[PDB]
Structure formats: C-alpha cells, structure tokens
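Okay, so here's just one chain, in structure tokens, the form deposited in one PDB entry.
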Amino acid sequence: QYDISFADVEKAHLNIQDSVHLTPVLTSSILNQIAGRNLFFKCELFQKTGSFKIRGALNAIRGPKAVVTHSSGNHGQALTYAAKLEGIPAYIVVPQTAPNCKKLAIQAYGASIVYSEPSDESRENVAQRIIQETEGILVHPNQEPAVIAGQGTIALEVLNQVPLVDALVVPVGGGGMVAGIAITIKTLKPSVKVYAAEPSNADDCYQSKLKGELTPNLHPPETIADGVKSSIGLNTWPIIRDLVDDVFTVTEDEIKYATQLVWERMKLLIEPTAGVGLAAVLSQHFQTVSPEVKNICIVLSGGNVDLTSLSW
C-alpha cells in the first residue's frame, strides 16, 4: 500500500472521464532527429484549464462553505474551475512572484486571490490562515490523495495511445503526477521505464534518490519552471523511491532551449515547465540511456504561459 491504490486511479478515471479530454499524442520528425529516439508527446497542454491539473481537481471535488488551496497557477485554476461548477466559492493562495497570467486567470475563474511568499512553507501556511477565516476545506496540489489519483489517469491513456511505448519522461514538482503515473504504469508493464525530469535549481527529487531518503529543497528554488518549484512530499516520495527508474536534472539553459524548440518546431504553446521533460531527453546524461529504449513518451503538462515572457 501507498497513499493511493491502483483501484483509486480507475475510479478517478470513471469519476472524471466525462469532463476530461483524452488529449492527443503528437510526434515530430525534426525533434526525433535531435533526440535520436522516437519521441511521442502527450499533449496535456490541450487539457481543460490548460494543464493536467483538472483531473485531480475534478476528482478531489467529486469522489463545503469554500475550498482553499495554494498554487503557482495551474491547480489554482483547475480547482477554481471544478468548484465554480458546483457553486462553491474558492480561495487561492498564489506566490507574489508567480505568473501574472495564472493570477489573472484564477480571478477570472471567479475566486478570491491572496498573495503569499514563494515557498512550500509560506504557501502551506497562508493557506490555513484563509481556512480559519472562511471555514473552507483544503485541496492539496499533489499530496491530497484524490488529487494524486486524478493524474495517474494520464498513464492509462498513454498505454493505449502508444502501444509500443518504452519510457514515460515526466516533469516532477510535488511528484503527484509522476507518482500517480508510476502507481498506474508499473503494474501493467514494468519494462516501461518511468523517468523523472526536474530543473537543477530545484533538484529535491534527484537528491532524495541519491540520498535514499526524503530530501526537500530547503531554500526556495530560483527557476524558470514556475510549476515544479514544490518539493516532493511524504505520500509521493515512497512511490518515487521504489517505482521511478531514474531522475534527470536540467539547467535553466536546457529548459529554455527545449521549450523554445517545442514553440518553434512543434508550434505548441507550452509553458516552460512542460519543456523540462524534453530538456531531460536531450541532455548529455540521457545520451547514455540504453539504445533499446526508443519509444519515449514525453508529457507536455501545460500551456498556461504569459504571451510575454522574458522572451529569453
């Protein structure tokens, strides 16, 4: 047993497969050619709300005076979405350095926005400060086990969509998605590698694997990947420890290079957090992954990006 069950994943599928897009897998010949593998992009940027976070947010909501949470943007959008549908008012704690377009999008989704400082701590606290003030319930971005169940239903889709899939490269923050995916993937096929991808400026998931024990960022990460700044937690760590095959960390310049490659060559408007998976596959350290592993599916997790970035 881990915090969520295989069973909890299918019930989440059936609980959200009525308002959730079975998003496409797109491919790319020029990108297949720079990798030297056969890349398959799971396009979760096309999802309702702009990222995969509608799954866990719907499933948490289905499966209250208010609902409250902390977000850099995505969960705060997919929660406020799934809660507006049930008439429930919503409060969203969002770091002050957090993306301006993910802020404006949360208010336009109806909810009250309250600014915190950028950290797992300031967030996880200015969150319970509103809970006390509103008597609302909390829905947690990656540790709440309904939310973790919502995201494993990415993995079911990928197994059909890519019949002959060799590896799933997944961006990790709190690890809700990559853990939720490993709970699902590793049962049905264990010759399917599960690689985690993560910026070097925020390498708690790599450090934890190196150390063999939960090793969170103790300084707030400075990284262009605004959506993976969160540390992995207690529920999701065990799964990452046992079922994730490796972790690949990437520099700011690798993330920026690979996100620009998806914009320019694939014409997909991903947020830079979604370029981390590809960054990992194009890395010096990935060029030594067994040439047997050919069929790499990369999760493009979101497209909630401000149409005016540092244009860097």
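Positions refer to the first chain, counted from 1. Heads up, when I say rigid core I mean the largest set of C-alphas that superpose within 1.5 Å between the two forms. What changes on going to the form deposited in another entry:
- Residue shifts between the two forms, rigid core superposed: of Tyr195, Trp237, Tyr91, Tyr81, the only C-alpha displaced by 2 Å or more belongs to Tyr91.
- In the core-superposed comparison between the two forms, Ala111 has its Cα shifted by at least 2 Å.
- A movement of the C-alpha atom of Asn160 falling short of 2 angstroms is seen between the two forms when the two forms are aligned on their rigid core.
- If you fit the rigid core between the two forms, you'll see the Cα of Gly136 move by 2 angstroms or more.
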The other form holds:
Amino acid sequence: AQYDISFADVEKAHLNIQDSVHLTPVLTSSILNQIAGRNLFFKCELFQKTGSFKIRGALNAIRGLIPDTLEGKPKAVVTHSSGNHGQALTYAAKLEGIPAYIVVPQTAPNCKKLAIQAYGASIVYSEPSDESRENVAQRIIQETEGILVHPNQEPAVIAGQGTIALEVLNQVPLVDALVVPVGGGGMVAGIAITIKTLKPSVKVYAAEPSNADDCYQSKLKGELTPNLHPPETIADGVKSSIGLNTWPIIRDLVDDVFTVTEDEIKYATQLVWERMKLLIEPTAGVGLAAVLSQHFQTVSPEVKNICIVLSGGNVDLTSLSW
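Can I get the form deposited in another entry as well, since the one above is the form deposited in one PDB entry?
Nothing else is written out below except the one chain.
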C-alpha cells in the first residue's frame, strides 16, 4: 500500500498555498436536487484563480522548491500547454516572481493566449510543425538555465489538488460521496488520498467521457490502459490519460468510474448554466452528467449528499455546441 503522496503531503500543500488561492464556495440548487434525486453540493473551482483548480497543484509544485534563499529557486519556467495547465503554471510563476515563457504556435485561440500572458509570461512563437516547438523551448532553457514544465502528476501536484477535499470536508461535513472529473487523474487521486484517510466511509467516484475512457478501462482491466489515440470530446480538459503516478491510487481508493456520452456532457453543462447561473466549461459538466447517468442509479440512496467538483470555468465562448 505505497502511494506517491500521503495525507501529510496534502496538509502541507494546504499551508503552502492557502494565502494565494481562493477558498471557493459550495453552492446548491433545489431544482437540480429534484432532477438528481440527491442532495447536490457543487464545489465551485470555476471561481478559482486562473479559472480552474489547477493553480493548487501548480503552485505547490513551484513554491515548494525554495530551500530558503535565492539559490534553489528556478531561474525560469518554460511550457507549451496553452490550456488550463498553462494558465495555472504561469500564474504560479508570477506569484513566486519566476520568469516564465510559453511556446505556442498559431493554433491557440485569441482569448486563451490573452489569458496566458494575463499573468505576464513572455510568449514565444514557434512554427506550427509539432517538433519545431521542442527546439525553441530548448533554446529558452539554454539562455535562462531554467526548467521545462509539462502537464504533470508529480507528488506535489497531486497533493496540491487534494486540498479540494480538505475544504469540502469542512464545508459539507455530511458529504456521502465526491464526484470528480478525471483526466490525468491528479485531482481525483489527491481527493481520494485525503477523503479515504479522514473519512473512509465517504465514496470517491470518478467521472469520465466515454470518448476518453482510459480510466474506466484501466479499473476494468486491472492495469494501466492509456488511450489508444488522442480522444475526441467537448470535455477538452480531460483528454490526457491517467499515468504511473495516479493509477495505484485510482485502482485502490477510487470506488468507481462513471462514463458519460457527449450528449450527456452537453445536457449536464447546459443544466448548470441554466439553473445555477455558473459559467462552467463542458469538462466541469462531466461530474453532473455522471450523477444523472443511468449507471449512477446503482449507487445507494443512502449515498444522499453528493459533492460535485465544478473543476473549471474557462469556456471558449467563440465556439458553441448548443
């Protein structure tokens, strides 16, 4: 029973990040409660700094490096990202006063790149040729003597994410289950370690697009089974597969994985928009879709109080489904 993080790592992460992240509210909806047949509690990480929960893990993995003086601090951080991870890493870098660089091609949206240097990180353009971006990033690191930061599930990132569960437990002490969207698995793994240490009777459920169901298949097969090919889904925040760092935790401490169709993600996201007035991105609708899915009916009526993590609000408004 060895995992990359412990409960202690999550408590330390809490102390490390508390002054720089929002302790986000839990909101409720009577009408959503009646549709689900459960008492629903929405943990509002869409209100978090940068528009998603990411900042938690990213700040803990950047701030928890300085030994004391200005000798073991990163000279610079370099990334490709562009999405929610990019926004998180960059903001974390600004807070710590670390020069930050983002390598992007002419494919990312205007709103996203405006919100990527919205935290003052130098934008370097590489020609849209995939492997062309690797050489430019290596050149930045050469000049700065800094570090490359790619989308990660390092211990410090998982522990930072676990802090969501610490707040949920204080905000809804009678919670019977947490429902968490799953991509690389960092969020659900951190929550799982936290929840199962403090209150082992509370359920931890993963929510996953069926078009990107590596986590579901992994649990089924009993071994790490990453996506065959880059999945196509509106839930763009959960496209990456679970990894070596999150698999053991997901295998043992996540009670079940609930898959949801593209239509179910769309309906659920629209439902939150219309009844709760919360501008969640479709990835954050996955959790509600899981709670409303046919398969979730197998879950006990005793599991009445359910916390859904609304993981982000970074919607690309220039694009629409319905």
